[PDB]
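Peer 1: Each chain, written out:
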Amino acid sequence: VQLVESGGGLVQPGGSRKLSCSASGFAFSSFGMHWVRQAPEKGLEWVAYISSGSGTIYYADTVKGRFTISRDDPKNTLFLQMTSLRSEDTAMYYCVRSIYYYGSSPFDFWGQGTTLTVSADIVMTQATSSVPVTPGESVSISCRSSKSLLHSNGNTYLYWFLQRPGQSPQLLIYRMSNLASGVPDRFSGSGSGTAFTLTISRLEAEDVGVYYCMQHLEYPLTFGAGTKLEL
Amino acid sequence: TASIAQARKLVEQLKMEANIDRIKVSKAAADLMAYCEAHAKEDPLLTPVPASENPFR
Amino acid sequence: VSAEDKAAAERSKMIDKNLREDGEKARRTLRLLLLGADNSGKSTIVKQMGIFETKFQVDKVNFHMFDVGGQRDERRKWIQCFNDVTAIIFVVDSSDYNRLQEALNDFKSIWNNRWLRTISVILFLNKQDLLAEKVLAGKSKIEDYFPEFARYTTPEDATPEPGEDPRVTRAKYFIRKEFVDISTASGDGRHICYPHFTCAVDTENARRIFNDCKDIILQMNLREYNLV
Amino acid sequence: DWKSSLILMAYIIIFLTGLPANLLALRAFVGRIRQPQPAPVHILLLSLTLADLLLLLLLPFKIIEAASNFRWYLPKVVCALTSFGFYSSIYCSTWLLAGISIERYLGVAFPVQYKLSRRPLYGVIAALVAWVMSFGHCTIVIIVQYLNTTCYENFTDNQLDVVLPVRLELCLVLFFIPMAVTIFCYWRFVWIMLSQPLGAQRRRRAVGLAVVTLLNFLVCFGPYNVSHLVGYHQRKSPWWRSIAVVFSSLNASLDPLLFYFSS
Amino acid sequence: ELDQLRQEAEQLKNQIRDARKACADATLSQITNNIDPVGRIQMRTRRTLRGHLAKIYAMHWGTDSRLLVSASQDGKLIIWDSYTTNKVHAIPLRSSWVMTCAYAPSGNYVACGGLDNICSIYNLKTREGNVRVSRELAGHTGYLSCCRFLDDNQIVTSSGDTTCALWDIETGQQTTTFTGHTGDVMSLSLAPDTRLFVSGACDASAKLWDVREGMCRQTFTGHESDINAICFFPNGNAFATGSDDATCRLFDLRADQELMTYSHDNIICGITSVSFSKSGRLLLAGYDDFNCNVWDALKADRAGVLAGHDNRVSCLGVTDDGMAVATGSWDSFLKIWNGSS
Ligand SMILES: Cc1noc(C)c1-c1ccc(C(=O)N2[C@@H](c3ccccc3Cl)SC[C@H]2C(=O)O)cc1
Ligand SMILES: CC(C)CCC[C@@H](C)[C@H]1CC[C@H]2[C@@H]3CC=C4C[C@@H](O)CC[C@]4(C)[C@H]3CC[C@]12C
Ligand SMILES: CC(C)[C@H](C(=O)Nc1nccs1)c1ccc(Cl)cc1
Ligand SMILES: CCCCCCCCCCCCCCCC(=O)O
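Chains as they are written, first to last, in the deposited numbering: chain N, 2 to 120, 137 to 248; chain G, 6 to 62; chain A, 5 to 53, 68 to 246; chain R, 4 to 152, 163 to 211, 213 to 277; chain B, 3 to 343.
Simulated from the structure, these hints should not be mistaken for lab results. There may be inaccurate statements among the hints.
[To be verified] Result set (SDA-like, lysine to any residue): computed pairs, CA atoms no more than 25 Å apart in a straight line: (1) G:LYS29 x B:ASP20; (2) A:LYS29 x R:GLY213; (3) B:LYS127 x N:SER205; (4) A:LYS21 x N:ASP74; (5) G:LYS46 x B:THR47; (6) N:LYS76 x B:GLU130; (7) A:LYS78 x R:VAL259; (8) A:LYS10 x N:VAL150; (9) A:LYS10 x N:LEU246; (10) A:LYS17 x B:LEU210; (11) A:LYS126 x R:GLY213; (12) A:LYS10 x N:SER169; (13) A:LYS126 x A:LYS29; (14) A:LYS10 x N:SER163; (15) B:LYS301 x G:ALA43; (16) G:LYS29 x B:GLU130; (17) G:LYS29 x B:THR29; (18) G:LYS46 x B:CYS25; (19) G:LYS14 x B:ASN110; (20) A:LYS17 x N:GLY171; (21) B:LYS127 x N:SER163; (22) G:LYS20 x B:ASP20; (23) A:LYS17 x G:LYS20; (24) A:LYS126 x R:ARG255; (25) A:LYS29 x R:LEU211; (26) G:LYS14 x B:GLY185; (27) G:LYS14 x B:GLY182; (28) A:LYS232 x R:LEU61; (29) A:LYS10 x N:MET93; (30) A:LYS17 x R:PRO39; (31) A:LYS17 x N:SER163; (32) G:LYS32 x B:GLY182.
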């Protein structure tokens, strides 16, 4: 399980850039893949997604048409063709895999990311952005959504992610209740259809980072503003 | 001979089966009757559940 | 449906597509089950090839033959799996008359099996040369084990194509009719038994197994169109 | 009248017997279309039962039409909505039955290479070429007459100038093509199922039930289509057209028996 | 030796038989005739799961009462999502002659077995995202008929070599082997406490084993033919047997004798699968007549017939919460049956 993305340097405005995401270590054909950007000194937002078998493709409203996605099953490579790049498009693009069955863990693994430098949506609100807390105690991270994420099937599709300084986002909790594989039991999640909270029992030195909210009830996937946990 | 060894085993096994504290059928039966009546409200095939609850509805 | 149930449904559709493709690929092969005794020489029938699967191709038709070795003495409770086989290739040694009666009992058990009431049997009388040599020598008499042989005479208007003496033909047709009597005493026409003769050196066994699965499949096709 | 009297009786028997049977048949045939890997034959056999039922479910109107001695018909457009259902189901059956005959030659001439290459689609392509070349060839006609603008039977010489000729095509393109393939195919089935050296499972009940199925087709869907021709030559619409369609409908109650009910 | 030995056997059997007669002081019938009957249990085909291309031979509900695993001679081992009829996984089996399947209580692993005499354990929850075989348990000299996980690492398998074995998945070696059956073992049923387990054999008898002790505790006779399927009472003090003689039989672990015989002159085919309800009042039982006949456990009165299938009902199963009954048959269709008011 390893994702390496290469092909991002500097591009003049209005130019064209092709991004490549190399996959090696898992069944690429059975995994739906997403492209996630992250503007410098800013949060991360969804860009594009292509399902397994290239059946359904969804783009964010701000990148529709300008960006086209394409996966290549035979050699496990994910492409993101860029047309008419804008000055606001400079961001670190991440390659995220996601498999969808009953009880799966979407957005489990995130790619290293490539830096790019150009010369009706459920908005998730994280009012608190910086919580200076010391190791040992408990810190609660809150989230809120305009639309109730609780669905008739009984699942509240809200995900959480940890972004260590100078690293890639790591999935902590999926569906607001289930802990991701490898995540310590210290992390816990609860809440209601609208109000969401993230609680950590014991905090260690490796918990320092930015926590981002996530919504999956509707195609436009929206992240939170983030909640930095300073040491 | 393997035969006598095999039959020897049988005797030993048969002995074990024989020396077992059996209780009257009357007690065993009553116990099964009890379990069924105690857990009776909770069997959604003998006591159909409202449509809301048939997750297969 | 949510966004994660639509993708789950898409994954289920892809799984269905793969399953249908695999089924279509596997439907082009005909499945057979090889049964017989230890001395029957069952393996040597198709010659140039816990279950010893044998795959041979004749007339661009792929044949799968499942020889279920080992297991236990009984052939029951595992034969439920072989309910969809096109035919059962029963092989019996016709030269050893001491075990011939138990072979008749085995064939009777196979024929009257509840789960094989619609599965035909391609019966092979193995070891033809040994049978011919044994009846030529005369040391062992067939009537010693089967009293009805002495009163039994050669079938009228038979087809003894090879040039042997009447004794060989009489013995061969006696064994063939002994098997056919059990074959036709039941089945009510739902399935029939095809008896052949194998010399343990003939390479035409695959052709006979084919030419006979073209009359098992033709009969099955006739039953679907209710023309039978 | 005497002629109408019996025709009514014919329809009530052709309706009283076939409707239950075709429904019983539709039950089993729908079921086998569901079971794993349906066969090209099961799609064509369901199609025959449906097409047949439509004739039977549209027979009521035919019954009352003749019951009112071909008069007293308050419904109007119905006469071009029920006719297009009776004189089209007849031509859709003539084509499905001519497709349950290429399945029976390609299943006795090539027995194995057909069990190993029969995909349900090959039966939907055939069930459409029957419907597209039956309901379509009649639709075009009813639409054309509407463009130009008793019950689609008594016509003016001006109409007979168009009705008689179009009838010829519906006899030389929707019957002479289907009948040819049935006679060739049900000649080989008979010849092959006789040559095969192996009696095995009532091969006679096959070389026999096939001959009934050809003769049934040639004696039910044949008299009516022979009228179109007689009409073109006699420059008239033969009255016997009314009795011929009685036979064409008999093959909606005789098909369940020859294809579904097991003797 | 053989004479005196058989003689010992004879007098021992006499004791057992007579000891059993002593216990008999009443019948379940004469103790249950004063209770109200269930009535008529009508069940509709609430969901049909399709996608198999051959005869289904086994099924097993998961512990969550939502996921079930079905095995068929197609060569695939599908993991159905019963709520939405979605195929979570489709595992291509190494051998296409599978006769049994199992779902681990954990939900992490599944097992399959057949004429290859090998139990294959598949790791459903793997990081690479593909279900791969984690261990192949070889050592059986006969076809596998049933397999059941203990918790996550011990699986008890019953083979056609008249032996049942307790396996260690990590090591792959038989921790304990159970002997005593004189015929092929066709089914086994673990107790709710996972401390005892029974097995139905072709010798028209059933034996109660101990996983830790390693030897049988009780034997039960009374069937006139092979025992195709066996189950366990939810309380753990009884079990039911499905035979080929067209009679189901309910035995007890304490009185050491049969309690009530579920028979009817209308049905002559043998029982293929036996499954108990959550409360134990209903005894679901598949038949070779294409119909699963629901039996009242305390009355032997046919409450209902789940008549949907078109070929032998091959496998049965009741959810852990008892909310549904799934019957798999040789027509490749797996149907979920639920009772509606
Ligand atoms: C064209 C045109 N223009 O004016 C007229 C009059 C026609 C015209 C209409 C019908 C026909 C005609 O004979 N048919 C067609 C028909 C009959 C009834 C209902 C619908 C249709 Cl399609 S199908 C069978 C055939 C038949 O009756 O056996 C011939 C000519
Ligand atoms: C011919 C006219 C009069 C009647 C129309 C019937 C035909 C065209 C239609 C009606 C129902 C249809 C079938 C319904 C569903 C299935 C099951 C699938 O596995 C194969 C296609 C198949 C079999 C369809 C093929 C075409 C079909 C048979
Ligand atoms: C020509 C005969 C064989 C055919 C016929 O009765 N077929 C059969 N269906 C079921 C059994 S036989 C027939 C068709 C039309 C008329 Cl008017 C008279 C006879
Ligand atoms: C009308 C529907 C028909 C559906 C069934 C079609 C089956 C076709 C199989 C035979 C095609 C020819 C095969 C090769 C000929 C040969 O063996 O020489």
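Peer 1: Taking the hints in turn, state whether each one holds.
Peer 2: Status of the hints after comparison with the structure:
{"no.": "1", "hint": "G:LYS29 x B:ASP20", "verdict": "13 Å, holds"}
{"no.": "2", "hint": "A:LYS29 x R:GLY213", "verdict": "34 Å, violated"}
{"no.": "3", "hint": "B:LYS127 x N:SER205", "verdict": "21 Å, holds"}
{"no.": "4", "hint": "A:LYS21 x N:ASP74", "verdict": "17 Å, holds"}
{"no.": "5", "hint": "G:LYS46 x B:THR47", "verdict": "23 Å, holds"}
{"no.": "6", "hint": "N:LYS76 x B:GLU130", "verdict": "16 Å, holds"}
{"no.": "7", "hint": "A:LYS78 x R:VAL259", "verdict": "49 Å, violated"}
{"no.": "8", "hint": "A:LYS10 x N:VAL150", "verdict": "41 Å, violated"}
{"no.": "9", "hint": "A:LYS10 x N:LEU246", "verdict": "36 Å, violated"}
{"no.": "10", "hint": "A:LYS17 x B:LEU210", "verdict": "44 Å, violated"}
{"no.": "11", "hint": "A:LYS126 x R:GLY213", "verdict": "23 Å, holds"}
{"no.": "12", "hint": "A:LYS10 x N:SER169", "verdict": "14 Å, holds"}
{"no.": "13", "hint": "A:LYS126 x A:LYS29", "verdict": "36 Å, violated"}
{"no.": "14", "hint": "A:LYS10 x N:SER163", "verdict": "22 Å, holds"}
{"no.": "15", "hint": "B:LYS301 x G:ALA43", "verdict": "17 Å, holds"}
{"no.": "16", "hint": "G:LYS29 x B:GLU130", "verdict": "57 Å, violated"}
{"no.": "17", "hint": "G:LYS29 x B:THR29", "verdict": "10 Å, holds"}
{"no.": "18", "hint": "G:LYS46 x B:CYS25", "verdict": "31 Å, violated"}
{"no.": "19", "hint": "G:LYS14 x B:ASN110", "verdict": "40 Å, violated"}
{"no.": "20", "hint": "A:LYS17 x N:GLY171", "verdict": "23 Å, holds"}
{"no.": "21", "hint": "B:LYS127 x N:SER163", "verdict": "34 Å, violated"}
{"no.": "22", "hint": "G:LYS20 x B:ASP20", "verdict": "14 Å, holds"}
{"no.": "23", "hint": "A:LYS17 x G:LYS20", "verdict": "59 Å, violated"}
{"no.": "24", "hint": "A:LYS126 x R:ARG255", "verdict": "62 Å, violated"}
{"no.": "25", "hint": "A:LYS29 x R:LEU211", "verdict": "31 Å, violated"}
{"no.": "26", "hint": "G:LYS14 x B:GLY185", "verdict": "17 Å, holds"}
{"no.": "27", "hint": "G:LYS14 x B:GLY182", "verdict": "9 Å, holds"}
{"no.": "28", "hint": "A:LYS232 x R:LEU61", "verdict": "44 Å, violated"}
{"no.": "29", "hint": "A:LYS10 x N:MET93", "verdict": "29 Å, violated"}
{"no.": "30", "hint": "A:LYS17 x R:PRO39", "verdict": "17 Å, holds"}
{"no.": "31", "hint": "A:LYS17 x N:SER163", "verdict": "33 Å, violated"}
{"no.": "32", "hint": "G:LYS32 x B:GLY182", "verdict": "29 Å, violated"}
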